[PDB]
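Undergrad: Spelled out from the first residue to the last, the chains are:
Protein chains: 6
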Amino acid sequence: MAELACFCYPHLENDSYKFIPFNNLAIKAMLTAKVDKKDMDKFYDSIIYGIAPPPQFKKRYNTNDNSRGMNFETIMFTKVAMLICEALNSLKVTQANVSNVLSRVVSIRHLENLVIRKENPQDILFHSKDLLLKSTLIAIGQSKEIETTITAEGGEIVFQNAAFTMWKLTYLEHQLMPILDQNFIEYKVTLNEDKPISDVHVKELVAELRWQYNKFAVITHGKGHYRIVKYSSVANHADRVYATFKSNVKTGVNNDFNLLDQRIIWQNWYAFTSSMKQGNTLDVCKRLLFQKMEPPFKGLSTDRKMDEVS
Amino acid sequence: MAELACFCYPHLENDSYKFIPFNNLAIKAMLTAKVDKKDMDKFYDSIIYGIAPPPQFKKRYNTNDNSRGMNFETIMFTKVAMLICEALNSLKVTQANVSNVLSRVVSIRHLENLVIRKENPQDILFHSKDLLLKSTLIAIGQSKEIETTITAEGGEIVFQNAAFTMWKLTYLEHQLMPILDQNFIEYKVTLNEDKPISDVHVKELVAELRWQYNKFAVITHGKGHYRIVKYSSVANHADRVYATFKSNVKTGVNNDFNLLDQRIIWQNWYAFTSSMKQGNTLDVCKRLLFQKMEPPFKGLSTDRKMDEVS
Amino acid sequence: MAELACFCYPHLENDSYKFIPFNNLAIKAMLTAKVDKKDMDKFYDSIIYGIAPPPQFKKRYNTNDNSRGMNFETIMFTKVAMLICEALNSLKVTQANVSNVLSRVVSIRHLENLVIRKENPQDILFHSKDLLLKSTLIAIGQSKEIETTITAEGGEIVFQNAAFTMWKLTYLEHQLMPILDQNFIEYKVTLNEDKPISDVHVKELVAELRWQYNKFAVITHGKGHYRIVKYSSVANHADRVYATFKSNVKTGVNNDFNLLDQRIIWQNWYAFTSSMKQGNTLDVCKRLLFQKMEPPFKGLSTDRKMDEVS
Amino acid sequence: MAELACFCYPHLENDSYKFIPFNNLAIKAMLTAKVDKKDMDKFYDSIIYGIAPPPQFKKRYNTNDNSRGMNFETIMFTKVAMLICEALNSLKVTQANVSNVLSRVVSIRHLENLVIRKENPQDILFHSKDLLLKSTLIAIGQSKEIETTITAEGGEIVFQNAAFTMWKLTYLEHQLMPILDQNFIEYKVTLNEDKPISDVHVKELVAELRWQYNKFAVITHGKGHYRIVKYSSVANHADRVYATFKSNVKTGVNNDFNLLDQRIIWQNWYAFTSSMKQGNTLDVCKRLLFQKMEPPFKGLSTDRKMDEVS
Amino acid sequence: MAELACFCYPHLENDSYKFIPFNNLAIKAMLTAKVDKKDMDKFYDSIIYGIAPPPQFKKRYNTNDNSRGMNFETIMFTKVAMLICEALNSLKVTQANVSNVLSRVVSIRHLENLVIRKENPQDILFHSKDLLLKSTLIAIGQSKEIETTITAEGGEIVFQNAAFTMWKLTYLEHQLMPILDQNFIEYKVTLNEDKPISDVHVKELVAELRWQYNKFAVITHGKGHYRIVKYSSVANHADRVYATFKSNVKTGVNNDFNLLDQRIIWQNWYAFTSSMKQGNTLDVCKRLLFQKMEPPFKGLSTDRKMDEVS
Amino acid sequence: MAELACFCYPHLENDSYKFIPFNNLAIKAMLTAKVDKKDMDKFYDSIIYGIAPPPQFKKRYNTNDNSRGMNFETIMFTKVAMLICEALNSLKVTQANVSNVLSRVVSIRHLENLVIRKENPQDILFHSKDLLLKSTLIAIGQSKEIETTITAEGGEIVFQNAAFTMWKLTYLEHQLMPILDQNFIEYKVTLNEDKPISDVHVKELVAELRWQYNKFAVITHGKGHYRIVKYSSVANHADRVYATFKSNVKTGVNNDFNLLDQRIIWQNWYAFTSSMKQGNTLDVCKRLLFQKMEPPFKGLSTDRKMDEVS
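Chains as they are written, first to last, in the authors' numbering: chain A, 1 to 295, 299 to 313; chain B, 1 to 295, 299 to 313; chain C, 1 to 295, 299 to 313; chain D, 1 to 295, 299 to 313; chain E, 1 to 295, 299 to 313; chain F, 1 to 295, 299 to 313.
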């Protein structure tokens, strides 16, 4: 969604790098500037409003002629920028790394959701700076830890178990970078703890997903939680995860992929992703997606049905 | 929902009975009137606003202390009343029958929907008085004919086949007697013609109902069309149909019941209703409703799924 | 409330007097005019907008400095004027009488209510010009007939009997000359027919008046119907009726007074008015109003009570 | 209206139990949760929003499919919860009792009214924490003291005496759990002090109740104040008080009942309740309610009448 | 923008084909229908709302999941449909041709503009059915005649000459199929007559275009008028015209192209299009577009400048 | 736009003059006052609201009969007054000078823009009192320094270079003294630093001005920055600058004039102003304005064009 350099810039004071949010009028000035090709990757001095992002990220910002960026003039842009700065400032980043850290692309919608979590007095993140930092570092790609319920990006809870918390992603209502397609619906299921889950608690989740979300495929991107996406979108999900798997192999970055419970994941998605982890090609993997198959917890849908009839 | 006498009264002119709509201020005057117990079943003379319904039907009309009636002061009350009068006036009803005809209870919501159909220049009923009369006579219980797509009460079309037309019932938005429970959702599937339906056209309907309405039971009330109701409501439907079957037996009125296609109807509903037609008791019939069973078109849900994934 | 000359003027065409409504801009011009004392009682020629009422009636019209008149610029002024003209035009008034007819003071609020009745397709007056004329002639003081339910000024029906129709007077919502005191509440009870009324139908009315209007006195002005007025106002009613009785004696005009049913009228009002008809003085009559007395249908209030408890 | 456990949960810190209000998002999470039958009576851990009420109280909370509960997402829910917690926290409740204390059902509308009293700088409760605690403990069922004017739940004062304060209950306008029937009207009359009341001060109250509330029955529930309820509702009041009297006998809880002044209470209610205290059956008691009788302060209604006529 | 079959269907009555507009509820029903692959190109019978377009044109209609179609539920859809039907009905189309006529793709925005012209009493098209037919037949591709000012699609006149009329295209404000990109600006310059144009009248147009539209390229699509498009869009225009030139060659349809005045057209566009007419390839033509060149009416921009300074 | 005495008055406390803002009700009182001709130039004592400006400046203030002044009752009047007072209070003005300082006419719109700059946390002036003072002293005519980008009056940045910052003047939206002509558009180009500017950075600015502002003349008033004004206004600009040049010569005040870069300034303006500096008459100077001439960076407009076509 955007590189971290779209929100802040590094400032060396006291043999350590502190990160500072952009003023939105500085971004606005940048968008109107004539800049040499040699300077497109350098931070821009607006003179009146402080420093601004490198003009090379111009398309990340919505303008009269760009709707595929972010709304950098909203309050949420500043809140997201401050959330990034706080997390990155706790890391005492060193001179060799600042470039890699800022050039990293992160999910803006994940960050706006964490803002929404932390500003809510009811939410644990409002009351624990440690959990907020952990949660943010995960979304910034500066942590090895896995996103769980405690550290979830958030949303509206629509189902909860001893083992699982199902959330509805509210991206349509975001201020910074909302999803523009009004047909969008996506959920995620995060794990509450990391100790083994009983068959009965798996059953309960599977049963809810077949009754209340029968038109949704249960998939994962390998990062330790389930993604509940409409079947009309799994093919696009497959492309993205494969491209991400392929790239992370070429670049040597961490590339472990948690296929998660085969009793829960859509069987075609399990096939597709298991073929990925085996090193197969895109065309070979994607074929298992569209290949019909039928070999699960039998009779779970008819249980919820009769419960309702009573 | 209400007896026909709640909308019109009979007037003998020219050796034939013409039916006349009530003024709503006549109803209002009636609701404030002191009436002898002997006159509760007689039409009421408001003096200023003409005749009014028998005070015995007071509860059919919404007031400060009644919300289970109709909104007789709306324009829709008059349109519905005129629709009834037109249909009943084409029948040259005779002196012995007027009582039975008016005392008959009909669905107001069905009549408001027929009004909505006929006032729409796009709808065939707007352009054929014969079809409108047929359609209304069915809803008034003064016709032996079966409601089909052509003569359907109406609603929003949400699926259509060579053989079927699926409608969404808009009762939440009615003016005269809307459903007050905002959780209400109900569809009906009417037959387009009365010649046999191919297996493939049945398949197409069943497939849509499992994909798009998996949380809905396919039942019928025996009147020749399907009713798509949430499982949380089939038990109440069962009570009503049985009470109607029981009564129509005691009173000798027509009591044929079309169970419709067993490949479409929910198997528990087919069992429940087949036990009814065999003369069983309520407790025996209703038991087959809650009795779990599992012995259909196999693999039809997985067909639509893969179609979407493409 | 206003003389008839405030609404129309006489025009002699074809040896008969036709009456013509004023344009409101003609009235407005009149209100700004300098007029000789000798011409204050003559109709005024606005030149641009036709004839206008005699400047002597200036205070009948609301202005920046008068709120005790009528709102002669509303549509209702024209409707009321036309209603008067129609009634007076059916009388072929003669040259000697026009002065007396126009100088007569009538109730504007009664006339606005008759307009409201006749413009309503539900009301009998909408469909019978004869009843409308009769009803208007009563309110214009050009008829010997008594106002009954059929010819009532109107309002909201709040109770109805075989013998009685109780109306709520809506004067607070009038456009032409509303009551300005927002605490105003007044009802009237008109007789449906003029044949004798049974004890049971009297009982029913008395019972309603004690239960639902316990804070209201049942009085009459002698014109053949009951007036339901709050006790805080009967003394003012007494003054007005006496002044009207006194005047009608001095002027020889008709002065019969129908005391109506002593089982219904408030006993103090019956005493007050019976003393009037006997020729007593104001001070003697009014004393019987404030004189406490207690000598009715016993136990009628406790009947309605227990009915409600059930 | 709801058990205290619907608002707070107990926390053992420092050998004493402190009570903590629920976050409304914790309640919301609970309402979506799959819970074992064995855990339905245990407080629920929403993980993200803290603890929540036992899922067994699900129906106390309004949802898309429940309107007979409370609006737990309003600000008033939190204010009411804090009011309960403050009162219960002053009691140093012990481990054996917490269950009984929380399981106790209290009037939410009484608690919302006490909130409205205490937040008003004009009200004595705003300025005396001791009176507020006393007043709340009465409404929580954790006090032996009787509700008087000082500690009344509140409302709009509509009549006041040396001995009495009459209040109108504003339940239609409540935010947390309003009465939904718009025809609802109920008053209460609380005693200002507990020393004897003169006949003249009783007379004054009775006189107001007959003039201004003639359609209302003067009853009590035995808790030391009068309840002014429409006659159309006394039968339902009778059922509730008897069921409460019956239960409190079976459970041994305090069951004294103050019949209050027989010159004020509706004579049928006095009969009904006196039969209750004598141990009679429901059918025997309730019969005295509908039994007509007529054997009071004579001529008090005619005093207020003549006062108004002046 | 859409085939003519998206608006009407043919009906053989009286050995001639009359064309009939679709009801929008018929289209809506079609969009929900299950249709055999063999019938996708056949007109669809909605049963309740008449005939509908072939389901193969589903994407021409805006839905919850399609924004690249038209708003067929607006009034403008019906007006456009009637305009097409009127024009096509004057042609007595024969059985062999109906398919070709309906399958023809036309500009909806051109048709909505002609509607706007004809409904305006000020516009000549409102008063001449012959001119309207001519104008529509041009936009329907059923006429050999060239669009001139008289028969222009319309818009806001922003400049006019003895020889030229410049219009602003209002596509952003259209109801049926507006341009969605809010940055859109496009003008057209139509010829008033077809007799030769003096150098001075060309000068006047060129002068206005350089002063008031310096950021716009003067191009044509070969149909006899100028198109004033921003330079940021000429490359896309080039693609479309070439694809249209290429296709019309392969299909043998009329393919004459009027390059128009080389003193007016942007020199790069003249080069690009002259290379097209010579049969060159796309890559060869398009190269002349981006090839810088500079060899016009000298000093025309400085004339308007000094005029303004005065 | 107004003398400084329209905003504040001098107060001698502690052998130094402090300047105090006017209350707007003091101004209002002054505007209603009868004042001797001898006192028209003295500050006015409103008695109730403090001191007010000399009645001789009455026309500087908008009233029912004056629209060519300022809106002295807005909040902006007070902010501007305080900004002046702060700047003037840092100068320890002496007794001989106060008259000259206050009588000085300054641009109100410049001062309102500096307020808008300083109240914005994003703007450097918000964070540096020294820069704000410098910037204000320039606008007050109490500084020898030249307005640069850092100290610019402000506006919306529409173009920025290593060497230049182009601003749009928002005078239409001002609160204190907006431009009333809605056709007004004016920009200014300020220099970022005062070290020499490369040819390439000049080229970049000239290129933007020809593409995006072709209808605007590049002129200066000699104060060290460029003014981008429509050609329809340069003649009026010429009058004003000449009158200012003429006056400053007669009064001996500073009269240096920076013609700025002849490669940027409109050649006619350079001629006009160079003739001014040579001492020529108005008629001689102004003639060079309207005199056509054509002898610049060739082919710069065609560079931006082709860039857009790509």
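Quick caveat, the hints were computed from the structure, so don't treat them as lab data. You may find that some hints are simply not true.
All copies of an identical chain are treated as equivalent in the list; a pair is satisfied when it fits inside any one copy or across any two copies.
Below, simulated BS3-like cross-link-like pairs (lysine-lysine); rule was C-alpha separation at most 27 Å, straight line [as the list claims (entries may be wrong)]:
1. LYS203 with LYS28
2. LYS129 with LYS59
3. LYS34 with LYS223
4. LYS28 with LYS129
5. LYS203 with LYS34
6. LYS203 with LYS58
7. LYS38 with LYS92
Undergrad: Give me the numbers of the hints this structure contradicts, sorted from smallest to largest.
TA: 2, 7
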